[PDB]
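Chemist: Got chain A; can you put chains H, U, W and V with the ligands on it based on the hints?
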Amino acid sequence: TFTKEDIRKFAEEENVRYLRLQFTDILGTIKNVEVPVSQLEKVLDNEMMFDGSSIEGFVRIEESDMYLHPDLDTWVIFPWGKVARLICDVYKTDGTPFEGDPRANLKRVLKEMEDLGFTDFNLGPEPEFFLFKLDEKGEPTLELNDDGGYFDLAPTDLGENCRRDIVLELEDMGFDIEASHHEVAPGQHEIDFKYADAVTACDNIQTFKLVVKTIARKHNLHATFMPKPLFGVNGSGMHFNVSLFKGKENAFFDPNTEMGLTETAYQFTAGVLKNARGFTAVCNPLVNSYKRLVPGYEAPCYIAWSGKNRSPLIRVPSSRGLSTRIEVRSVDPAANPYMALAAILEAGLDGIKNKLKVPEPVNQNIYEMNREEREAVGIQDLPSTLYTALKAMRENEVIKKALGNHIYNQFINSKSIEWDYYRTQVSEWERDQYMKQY
Amino acid sequence: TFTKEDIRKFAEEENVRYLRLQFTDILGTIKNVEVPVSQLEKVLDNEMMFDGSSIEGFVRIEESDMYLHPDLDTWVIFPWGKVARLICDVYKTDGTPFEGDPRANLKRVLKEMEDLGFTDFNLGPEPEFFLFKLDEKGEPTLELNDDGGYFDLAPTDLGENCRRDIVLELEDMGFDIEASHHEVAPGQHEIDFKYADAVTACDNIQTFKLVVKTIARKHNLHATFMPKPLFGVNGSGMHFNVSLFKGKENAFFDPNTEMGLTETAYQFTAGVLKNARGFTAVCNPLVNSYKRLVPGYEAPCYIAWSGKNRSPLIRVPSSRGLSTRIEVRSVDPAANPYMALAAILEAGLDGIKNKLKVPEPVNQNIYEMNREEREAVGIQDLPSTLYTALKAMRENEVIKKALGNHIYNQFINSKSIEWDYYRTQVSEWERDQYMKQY
Amino acid sequence: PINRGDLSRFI
Amino acid sequence: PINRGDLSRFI
Amino acid sequence: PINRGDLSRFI
Ligand SMILES: NC(=O)CC[C@H](N)C(=O)O
Ligand SMILES: NC(=O)CC[C@H](N)C(=O)O
Ligand SMILES: [Mg+2]
Ligand SMILES: [Mg+2]
Ligand SMILES: [Mg+2]
Ligand SMILES: [Mg+2]
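Chains as they are written, first to last, in the entry's author numbering: chain A, 5 to 84, 89 to 446; chain H, 5 to 84, 89 to 446; chain U, 1 to 11; chain W, 1 to 11; chain V, 1 to 11.
Chain A extracted, bound-state conformation:
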């Protein structure tokens, strides 16, 4: 926690000369307003004005005027005078928070969750990213930074070792890193965080993306969170380990049952499974995202839960006690953390307050099953394209309730425009398959 006096003291002792008022849009892009430190007081008075329509992304029409209200607890100084940042909420000219701000939407969802008796919603993300080599002109190529495998000690200590530098710099900034390892695909890396509250977790995800992209550029590399940059290799996921708490106590832990899961946890996973098609578009917002949702690369392709399976939509880790959690594995690093977390929490709460019955967990004898038999058993498939994902999202009420009307409509319009632009392109695959056979 910080106050105005703490911020002034930090600016004075650390010789901060630049301030970044940081926020996000509906597409998850990290936006910021740059300010000289001489404006610090005006920053602390919630008097900084900006367009505000930039939150709409590429579907903005008219310039508005909106105020930035910094959150003093998000204060941090970058290790590169010095530059400091503050994460700010967006307010309208009438003093009320802007309904199109994902952070405010997540805060509203958490506040409405608190009326159900729960106090905290903790998230631990597992973001995976790719590192590509840069060419002479400074553009990213398709060559990977290394050639390691799953949990390999591929980047040696002598040389670049971008992952180690990223971890150390995040530790210096005040982050809580659990562990890091090399991912399955060459040039793919994963850094894991300790669990934190929802808003703090999403802020940490945004800051982690920014820090990774900066440090990769320091090492003459390019960091990408693209869900599927390369065909034929593993994609990048952002698995969300979530846990509910109502007062110094995990609501998912059952200390008496051998399995160790309460009825609340079963209702939560049932609700997430019920509305999985509804929030797939939000959790997988890019056209490329659905190139990751293909079988054989551990990404989930159908709606099921298990404790031990190759690619379940929901996985329950063997940890118990205060660390019991539910892992949603459909999220990719390109998704907006606030919107995806709000959608997942809303689906879980919808399952909780409807007392839904969780279906049977899947086991090893599902690998031999076509889609027809899978549907006969009751296992629905995730949408395979962004078009069908938007079609499914337009038919779900829980996702609309989670997002709010403004964010829901803007996201649908943006994604429809993006798909419309994508669908008219003639791909090289078509020119290879056709143009000689026809």
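Hint data in this document are derived by calculation from the structure and do not stem from the laboratory.
Each statement offered as a hint is correct.
Mimicking DSS-like on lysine-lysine, the simulated pairs with C-alpha atoms at most 30 Å apart in a straight line are:
id	chain 1	residue 1	chain 2	residue 2
1	A	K316	A	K361
2	H	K226	A	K141
3	A	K141	H	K141
4	H	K90	A	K141
5	A	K202	A	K35
6	A	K145	H	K226
7	H	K100	A	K316
Modeler: Structure of chains H, U, W and V with the ligands alone, referenced to chain A:
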């Protein structure tokens, strides 16, 4: 020996900021989990969790959850804040060691050996490696770092001397180096270690491979332990000098016989010769390995033992006293040290407890002998391909007992898949010989 | 193959 | 489109 | 030759 307090003191005084929890899979690849030093306590409590299925290599199916238990005696700090490492055993969620971990398998084999009255199994390896030049893009080429010969003083003193730097860095790390020399083939090098106990010897082999690969990259070179990188020149071997000890005393030494070999040593070498075809696949796990097992390059090609021969499978060095040992020369540096050592020890113990009679040693009049006469005498040939090596391994019970059912089955599946992928390739040799003659 | 992602080295 | 300038990435 | 590996400089 080290304790928790020693580790904390070392971290505090040396300013260790990064920890590598190091382990290995069934393919011998050095795997690791990276951790910030702030997690040190959680590391020392055996509470670090990871996939565990990575031990299976490329035949893993479902993600598991397994714990890492570090061995405090393996603590060492790399000379490149600082980075430290700890070699960890893999434990299941039920508190028992994972049966698929090669290190635990070797420990179990040693424990069962201790019931026969023997206390220690000392190993001294002779790993050989190649150094290739890197191109502008940083990829390895086929040009060697020097053009020296057997025991040559090729990289004299000034400019790279990669072997000297490797030896000095290993000495600074606390290793025990006996001697180093240039190998027969150009760009080929060998570094010899003093004998150590089995687990320590295999850990030293893994650390040596990691250190060599790091330092070669430091010198703009590429170090490879591939058994036969180049056709027409010598391959790289990892000859194992092994010795048995039952209490401050070498069990292979006979102080009265002028040969100086105990009947126990003869039984051990008889057992190793008997099951040589059984463990050839484990000691030579790559397809390329059997390109080294060709006549004319000192690699063993048939099953025989001698005290003076060009390429015997087992060699008995002239040293006696406490340093008498048996050298198995079929092992290559690409083999997993734990699995190969366990297989060799199990074969030796099988010979010991069956009181097998060692065949007559071979001498100079075997060079003029075809395979028919060699088989008539009683000299069997080693498997010539990985396919036939797997066929022979499937017919040996000693190798299965040495490896354990889990490791045996996973290794067989992995190698069968690898051979199946290799056999469908059309080689450049086939395109050179055919396509014009047919 | 079920584990296509783990066999990417061979393909 | 009215917001031609904001859709420059697609055109 | 028996010592093919040692005669690699000539072949
Ligand atoms: N096994 C892993 O942790 C990798 C997961 C895989 N990259 C995915 O897209 O979900
Ligand atoms: N003479 C030697 O020490 C070299 C041995 C040879 N490189 C082998 O593969 O066994
Ligand atoms: Mg992962
Ligand atoms: Mg996961
Ligand atoms: Mg040698
Ligand atoms: Mg030797």
